[PDB]
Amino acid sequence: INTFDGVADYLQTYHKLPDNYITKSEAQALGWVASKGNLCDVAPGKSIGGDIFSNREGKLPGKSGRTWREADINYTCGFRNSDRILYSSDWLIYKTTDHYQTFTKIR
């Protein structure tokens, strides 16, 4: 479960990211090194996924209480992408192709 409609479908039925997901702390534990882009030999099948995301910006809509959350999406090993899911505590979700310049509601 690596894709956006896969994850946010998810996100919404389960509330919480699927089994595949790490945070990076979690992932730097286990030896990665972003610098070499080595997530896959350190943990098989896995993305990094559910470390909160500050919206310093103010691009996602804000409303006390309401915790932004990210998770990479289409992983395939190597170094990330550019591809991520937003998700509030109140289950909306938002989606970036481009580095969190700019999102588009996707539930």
Second form
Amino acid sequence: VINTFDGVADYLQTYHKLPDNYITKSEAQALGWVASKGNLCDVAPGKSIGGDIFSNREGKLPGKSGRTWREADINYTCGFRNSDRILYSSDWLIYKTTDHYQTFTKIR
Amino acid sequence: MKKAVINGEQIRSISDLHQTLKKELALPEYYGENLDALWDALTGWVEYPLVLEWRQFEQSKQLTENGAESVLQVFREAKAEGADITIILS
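Show the other one: the form solved in complex with its partner chain, since we just had the form solved without its partner chain.
Complete assembly follows, chain above in first position.
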């Protein structure tokens, strides 16, 4: 799977979409994902949560007219979700967080 | 089912509010204690069905420089987007 910071960022910049191993929260839930059980690998082998709208609620990512943001989990293999995320805008700014959205550092 | 209780008059600060939610909702150790972390917890960590009882909300609003309302709003957005959340303002 493509699930490292550089891996997913390279792929996002080349193809303007997430790698195939990503599904959104709503698509995982419809597969039977119960997040509190940590069962994503049992209902969606090899998949990671990603692609959902990111609302940037603390406003730490830069805003711009017509720009929206989305997020994906990074370094997830199985079990409960971790603290690492990649954040990519509709005009292909790419940031990362490893502290559960407290801080962001630009990567592309 | 899973129930979190907030005694709003015991909230000391916006930080203390996030720390209370982290215990009450059994959030992960890495919980970022911010609004995007809270949203991620409610839509891809927390146990459902979820009941939140927020007592004395107005006190907590004054003890957190108004941050309490933006935290409540995350629950209302998650619910409005289909999350199974019952909210009690007592």
